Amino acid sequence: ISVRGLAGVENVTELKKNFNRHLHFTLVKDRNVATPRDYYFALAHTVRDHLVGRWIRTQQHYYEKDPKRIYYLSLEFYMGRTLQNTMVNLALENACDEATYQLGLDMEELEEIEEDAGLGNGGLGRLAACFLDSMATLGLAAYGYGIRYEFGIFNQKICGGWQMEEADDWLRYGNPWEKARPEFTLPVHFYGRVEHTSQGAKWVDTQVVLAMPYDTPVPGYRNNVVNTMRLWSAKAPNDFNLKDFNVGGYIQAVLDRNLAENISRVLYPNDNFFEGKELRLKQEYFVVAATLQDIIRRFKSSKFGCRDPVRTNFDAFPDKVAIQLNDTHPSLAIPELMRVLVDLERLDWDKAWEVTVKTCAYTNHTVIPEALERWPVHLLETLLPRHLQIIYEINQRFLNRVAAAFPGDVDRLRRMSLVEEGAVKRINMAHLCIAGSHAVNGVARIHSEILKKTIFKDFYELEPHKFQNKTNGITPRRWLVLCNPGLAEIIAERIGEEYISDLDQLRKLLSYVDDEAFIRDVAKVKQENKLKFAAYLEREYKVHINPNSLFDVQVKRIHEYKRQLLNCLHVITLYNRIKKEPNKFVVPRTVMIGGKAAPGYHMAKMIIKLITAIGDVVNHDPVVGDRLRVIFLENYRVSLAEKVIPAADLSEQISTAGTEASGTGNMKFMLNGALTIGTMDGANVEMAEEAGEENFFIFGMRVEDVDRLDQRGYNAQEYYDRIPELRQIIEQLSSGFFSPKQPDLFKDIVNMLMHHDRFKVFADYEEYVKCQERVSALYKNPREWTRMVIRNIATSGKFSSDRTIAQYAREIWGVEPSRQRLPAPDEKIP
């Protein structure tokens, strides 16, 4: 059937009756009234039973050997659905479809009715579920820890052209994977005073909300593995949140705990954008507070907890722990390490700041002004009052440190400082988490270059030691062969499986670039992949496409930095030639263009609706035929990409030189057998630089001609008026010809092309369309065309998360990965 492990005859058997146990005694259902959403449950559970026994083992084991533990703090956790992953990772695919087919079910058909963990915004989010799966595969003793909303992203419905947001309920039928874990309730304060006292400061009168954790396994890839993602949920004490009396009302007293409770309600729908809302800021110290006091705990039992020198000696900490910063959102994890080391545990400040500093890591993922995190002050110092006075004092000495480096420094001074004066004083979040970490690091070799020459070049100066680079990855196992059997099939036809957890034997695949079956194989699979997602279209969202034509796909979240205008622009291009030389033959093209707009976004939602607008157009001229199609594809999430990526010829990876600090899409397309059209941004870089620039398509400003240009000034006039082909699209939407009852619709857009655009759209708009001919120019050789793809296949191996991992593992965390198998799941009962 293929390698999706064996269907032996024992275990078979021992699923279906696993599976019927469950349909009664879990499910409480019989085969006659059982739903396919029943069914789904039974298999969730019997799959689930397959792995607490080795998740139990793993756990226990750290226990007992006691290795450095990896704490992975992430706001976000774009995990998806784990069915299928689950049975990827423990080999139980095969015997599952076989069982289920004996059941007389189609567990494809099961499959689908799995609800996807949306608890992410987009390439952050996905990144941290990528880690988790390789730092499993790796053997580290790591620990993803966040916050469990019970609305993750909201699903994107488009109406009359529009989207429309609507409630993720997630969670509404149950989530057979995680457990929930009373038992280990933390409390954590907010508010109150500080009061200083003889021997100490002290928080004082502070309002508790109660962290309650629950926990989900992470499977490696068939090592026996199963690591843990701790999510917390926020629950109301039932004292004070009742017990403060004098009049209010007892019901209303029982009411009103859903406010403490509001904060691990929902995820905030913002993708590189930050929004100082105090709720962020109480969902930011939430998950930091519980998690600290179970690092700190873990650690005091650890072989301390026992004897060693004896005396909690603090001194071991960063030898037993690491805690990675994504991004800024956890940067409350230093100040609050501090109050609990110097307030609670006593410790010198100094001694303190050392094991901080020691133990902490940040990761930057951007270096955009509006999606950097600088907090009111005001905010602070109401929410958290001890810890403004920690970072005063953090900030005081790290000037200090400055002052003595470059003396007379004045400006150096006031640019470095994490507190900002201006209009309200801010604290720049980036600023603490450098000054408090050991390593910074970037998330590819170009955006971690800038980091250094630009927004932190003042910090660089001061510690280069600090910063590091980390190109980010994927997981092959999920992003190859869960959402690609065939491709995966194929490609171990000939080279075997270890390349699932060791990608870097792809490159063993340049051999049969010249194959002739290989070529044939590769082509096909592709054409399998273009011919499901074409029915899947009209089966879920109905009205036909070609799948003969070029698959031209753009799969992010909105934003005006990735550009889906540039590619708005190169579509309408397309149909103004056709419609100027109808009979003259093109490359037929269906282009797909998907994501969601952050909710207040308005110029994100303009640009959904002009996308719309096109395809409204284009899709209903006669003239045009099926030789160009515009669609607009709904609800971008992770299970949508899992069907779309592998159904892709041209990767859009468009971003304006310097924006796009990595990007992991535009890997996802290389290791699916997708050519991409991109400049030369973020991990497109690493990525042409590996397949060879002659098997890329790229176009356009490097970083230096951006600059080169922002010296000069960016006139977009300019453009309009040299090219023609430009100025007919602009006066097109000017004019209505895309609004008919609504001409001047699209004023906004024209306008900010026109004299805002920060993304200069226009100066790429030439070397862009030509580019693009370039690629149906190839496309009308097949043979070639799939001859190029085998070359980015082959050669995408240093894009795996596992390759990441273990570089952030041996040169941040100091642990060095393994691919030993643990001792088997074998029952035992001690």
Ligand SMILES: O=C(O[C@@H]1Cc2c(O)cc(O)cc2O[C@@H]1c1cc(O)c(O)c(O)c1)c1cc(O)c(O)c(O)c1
Given for the second form:
Number of protein chains: 2
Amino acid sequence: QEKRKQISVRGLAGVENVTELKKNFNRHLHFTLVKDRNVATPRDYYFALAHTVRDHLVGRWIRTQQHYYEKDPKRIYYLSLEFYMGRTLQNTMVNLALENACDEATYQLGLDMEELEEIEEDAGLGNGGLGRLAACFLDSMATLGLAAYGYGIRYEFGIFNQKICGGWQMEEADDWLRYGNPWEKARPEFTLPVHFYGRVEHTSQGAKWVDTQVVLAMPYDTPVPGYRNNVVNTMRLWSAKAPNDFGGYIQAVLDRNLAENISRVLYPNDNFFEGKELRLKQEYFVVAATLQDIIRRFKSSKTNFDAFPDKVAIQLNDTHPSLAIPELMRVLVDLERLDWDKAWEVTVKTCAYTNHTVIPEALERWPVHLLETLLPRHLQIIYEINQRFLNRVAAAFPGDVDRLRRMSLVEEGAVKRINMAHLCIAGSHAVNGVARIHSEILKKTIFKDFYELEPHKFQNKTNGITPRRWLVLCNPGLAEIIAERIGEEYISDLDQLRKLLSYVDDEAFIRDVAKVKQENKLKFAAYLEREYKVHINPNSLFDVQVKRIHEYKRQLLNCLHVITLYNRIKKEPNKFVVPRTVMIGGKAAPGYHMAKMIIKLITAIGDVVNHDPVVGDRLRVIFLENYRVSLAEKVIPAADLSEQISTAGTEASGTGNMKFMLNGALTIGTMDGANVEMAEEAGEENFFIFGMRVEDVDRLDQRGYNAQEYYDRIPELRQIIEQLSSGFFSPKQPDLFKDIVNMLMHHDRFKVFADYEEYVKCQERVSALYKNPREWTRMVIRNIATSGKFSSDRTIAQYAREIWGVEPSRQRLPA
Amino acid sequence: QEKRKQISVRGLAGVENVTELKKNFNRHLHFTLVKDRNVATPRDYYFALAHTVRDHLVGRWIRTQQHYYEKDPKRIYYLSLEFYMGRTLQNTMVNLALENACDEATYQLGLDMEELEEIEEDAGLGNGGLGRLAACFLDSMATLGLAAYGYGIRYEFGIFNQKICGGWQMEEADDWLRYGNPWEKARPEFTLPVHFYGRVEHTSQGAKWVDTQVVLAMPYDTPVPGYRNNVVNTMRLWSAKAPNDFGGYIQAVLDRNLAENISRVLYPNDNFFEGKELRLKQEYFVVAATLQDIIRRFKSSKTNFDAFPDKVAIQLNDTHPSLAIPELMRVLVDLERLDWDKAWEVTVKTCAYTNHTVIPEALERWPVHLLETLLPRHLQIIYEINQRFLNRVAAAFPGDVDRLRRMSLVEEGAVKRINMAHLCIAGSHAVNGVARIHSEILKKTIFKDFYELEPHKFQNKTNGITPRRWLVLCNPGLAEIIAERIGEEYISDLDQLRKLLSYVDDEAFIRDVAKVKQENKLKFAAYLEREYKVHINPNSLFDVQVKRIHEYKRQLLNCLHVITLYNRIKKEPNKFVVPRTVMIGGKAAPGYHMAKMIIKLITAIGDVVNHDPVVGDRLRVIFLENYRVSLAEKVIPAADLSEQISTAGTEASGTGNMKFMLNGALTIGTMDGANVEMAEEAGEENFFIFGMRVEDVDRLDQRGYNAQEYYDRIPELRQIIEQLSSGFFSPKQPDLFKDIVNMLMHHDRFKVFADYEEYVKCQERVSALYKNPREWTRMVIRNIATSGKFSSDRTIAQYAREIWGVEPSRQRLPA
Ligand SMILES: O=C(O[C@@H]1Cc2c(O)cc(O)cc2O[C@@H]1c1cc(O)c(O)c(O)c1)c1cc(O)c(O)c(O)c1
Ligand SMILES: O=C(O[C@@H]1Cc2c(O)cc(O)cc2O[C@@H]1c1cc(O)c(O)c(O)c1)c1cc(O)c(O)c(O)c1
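With the form solved without this ligand in hand, show me what the form solved in complex with this ligand looks like.
Full complex below, order starting with the chain above.
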């Protein structure tokens, strides 16, 4: 479009810059793609543009890394099993100020750059929140000029591609590397050995881990550009490779696949613990290879290990990389021959742990038999850690035997296990939750004993989202009308959005905020037609719940509300209601029967609602297939209403909530996770808060939750349960939803019925405000204006000052 | 070196060409390798040079392929399971005239280009002769301006890397793609489906192959540059990929490995038949993907199929791609719905078959049960082919029932099999052997019945070697002293080497030929020290036997001779003998116990000979480890004597014989394969011919070979057998060589003892001529001078005119 090149926030199309970009595009098309414009497909054109844009990172990537070598600042290592990065082309162009120059260059070559962007595969190397947080954090650490390295696994297959067939989830391999990855640089020369199995012999010098099987770890380095500060940091992802040397010769060559299977695929369980050996191998693989890099980089700097914590921070994203603690002790004691006590002092000052959930089924509790087989030295070191840790508990709390049993790294039972969260707290100088309410819940419930031993360890770091991906990239319309009033500094100083409260009565801004949402809604609706032949009413309220499918997130409560709207229309057909397009999307874990049945119930409700001629365009319900970072960038800027309806106490933070607030949706939600802080920043008068508070949930748990009480007292609820139970939503198979009905009536841990009436009444308040466009938009302005706290720059600046001990900086390197 | 830049055959170092090469080298080092000269290793420098040289292919590669589209000449498809390509960097620089310019460019950057060349991995995608012939053929077809495409498999692992440990072969995976392949272009956009298993339903339109498992075939295209004619042809290698859509989700993602195992590794059996299902899958994979390309390319040209043979030749390199015949019939009949008879007329005019051995254990005879399971439609079509073929035999030879049984594609027995050689002859308009004697042996023995039915089918095409790789690349010294007298035209017109017979009495040339061999011997000896701490006497005769280890090649006869020289020294220590360095190298098939014992016997003989202080530097025996194309380019130009000592009738052609003749070694050999034609070209007076002729072997077979007769009549032979038997060469394990002794005495199919006395006497004639340097060199001149027939340009020109029906051309395209 002509209009989009006019957007100032997208930078300058310098005449020489355009000329060079076209020359380099054509050069890559010829020498890199080995095509000419005769045979070139849109995919060749995307790749020619990606190689051209990637060439602009290289000088800064080399200069940044040389700068870290020269200045020797403290290095931050962000260890994660997941980096939900999404696409790279737009992000690179935004962060290097090339967006308008590439748009003009490709326009002059007769190409639509927006069409080329849609060709790129997501780097879908995460499940959801925790993975996307890692991605926002790498972006913020680069923008803040930290010497920061993401370390993870280069999965051959990311989070599965979700197809919906017959209204059911089907899973397909996410072959994201099919056409190559133009961003990464293979570093086979920096390949490192990782050891498994074997046994411990305790010799003269001490212990020795021998008779191991070797898997090599080959690093692939991806650039991470800061926002217009010429900083380019590194994400290093390890790929598994069979060792050089060794059924027959042929079978031995094919058996190289077993070692290489370690980096084959992301576990799609959204943090729910499965105890798979292959998952333990992935966790050890990332930790072992990463810590060898850290130790090597430390020794080749301006061996004595007292300075190690002054030069190294290791941030553990959940317990997934918790083996970092025993592995660093193994390296320091067995290989560097430090005394246990010195090694432990170093380890604890180096390591910090971030907890992302209180849900007990998320907790990693590895069988000791599995650890003894796979990692015999690690289990010895863990027992030693536990003995010395519990000695300290006994000394602080003499005779508190119950506290010793509760705090032990070792869990007794049929199967003896190691609690990896207890290991993380024992081995870390800082433990943080990811929202104020969550960090308090840690100190009062699941880590109370640890808090009483070492209160100074416990911190809060409220999550955030990068305002580059989550406003400038995905919503350039909104970024522009904001820049037109307060300039561009807010893009890396998001608290400046508070200036927008000066505009709540400004006729032009009220007009502009509503026009941007309408433009976003027209574009998203076009898509739902062009690529899925699905019609949506563009004058309807876009009611959006997008996140992984879990009972705790209560997609089912949204289902009860949708059926309530259908049933109220059928009862009073002549009564006006605010038209709604209810959009639910998200992946279910491939096992999880209940999650898959919930997806089927959403599509089944659609089958009835969407074909009822009495309803027509007044209510539509659509399951958004294959929800992922790229789709989030499309639907979130188009949303009117943000569904954040987890049972109070279950969602640690959320980050999708923050994306919606930044992009001009109003929120309906419980007082859970960061929804509490979002309501506080904006004022509760500007949020649709409903339902039980954490205290209310605890009171119900104390007397026992009886779903029958709610069914017996709420006629509209009885009608819906009777429709699901009798087969109104599955006439060819009347018993289809019996398991959902049985769970809701008898085994509902997330108290869906207890929030049903407050939810429905809150949703009437949403409709009532939507009927007043001007007042809807003024409340939106009050939300966008107060979304600044939820920048990951704020979050990372807190990690840097309160945990890592490094001072952030927005000052530019040269180019 | 300063001297090597002076070599005119290596071309011009133009000042602007040098300037541009350095600029492009530095550009690739920065943008492609993402390094600077601070951290760059020799391997980064090799890759920067390879990308720079590869950029020079691209325009010509695109223009050549556009030219074939424009002119629509008949296309030649060379189908092979093997392309033994070796390294590409030097070959590319020679064929584009860039060698001196890159040498000067890298010299000016402070680098040694020869050192960078040694970093490149061989593309070791073959076993030996047949694979290397495919590689010489692609080079010759490009040099002759044919519209020719090599089609094969992109094996992840080529021919195993051979280590020698304890004097034994050990096999390691040839991870040739570890650091990437800068030559190939991945073409994932041109990926094609290949079908396996399933069943045939015979419907209204006719047969339909349904319920199949799909494996995708992803092509990788490698450039094949002609010699200074601006032609760049394509080698397309298929890689196996799991189909996009589908133990659990995780196991299903890991199970993608089973389909991908099809292209994992080259079968290392040097043509010996094993009947492995995975090998049958590889053969079908290459044929099915290739024939879809051929059919598509045919339909998109200037559907009617009568012109198909005028636009397509398919050359079958051995029976490995024999399924091309039933697959083309399947496509034409089942998918294009041609009548059987029209389809068959097309298939036979399209297909031709090259036979590479008479040894019955090489013959592919697939169980019908395996074909019925894997390829049910192919087996139906093969039976139909057989019925109609045998109908024709019955009509030509009425009542010859024995001939029907002998000629059938179907072999009866405990296990019913398909004879793939019989299928190839039935389905091909031409059948060729690879040397005059071999092609006659085919018409008189194993294909006599087929010859009597269709004599016009049977041709000879004597093998050849490319004089680019096998003289200009590997022996620039020799190429230069030749160019100094007759100019450069001989490099693509090798018959011009006959001009050198004018120089047999030229003092300067005699001096120069001997100086080049000495320079080659000094360089090879340096290597045997620098990279293996092995000392060799540079004034010794370099006696070289390099080829795959097989009983038929009689490395054991060479062993008997070496022990004879040792025993004669010990008996008369004071008697002068011509010092020898006896070098034997080659890979044994990983199964093949006897081949592995023969390697151990060579190293064991070395252990005694090389440490006997009475022998000292008068006799040394070394096993050259990991013999492969790159090592052949080093040892062959250094050789004095070429060992070509196969039992008469067993070696179809040989090509290593031709390499040695071209590079100034004299030959000791039997009248076998192309040794016969080499002796004819040079004159037998200029070859060390010995032993039984084919007629002599047949006479022995008629009365029965009794090794005992030879043992009883030859004292020197008895002494050696008694040394092997008693444990003289294995004192710590006296019975080590009992199996070799038992085979030689009782089960020797290759009549080693029958050629022993003539071999030893012939070797005395070699020593006697070596004592006269001037006469040795004059006989070398007479060999090099007559080596011109053995150019693969001569061979390919015969294929083009006598089988493919296309006229070759050495005329230049524009650049
Ligand atoms: O459906 C349209 O886009 C799709 C939806 C969409 C969105 O909701 C937000 C966003 O950030 C990008 C976005 O890209 C989508 C898209 C898909 C394509 O296949 C494509 O070629 C393209 O240009 C784009 C569309 C229709 C239009 O009529 C149009 O003019 C346009 O620019 C775009
Ligand atoms: O051993 C030397 O080379 C090795 C043997 C050899 C050969 O026999 C023929 C040939 O075509 C090339 C060839 O490359 C070998 C080689 C190996 C290396 O590791 C290397 O760095 C190199 O420059 C080369 C050598 C010694 C020398 O003293 C010397 O000056 C030289 O140029 C080379």
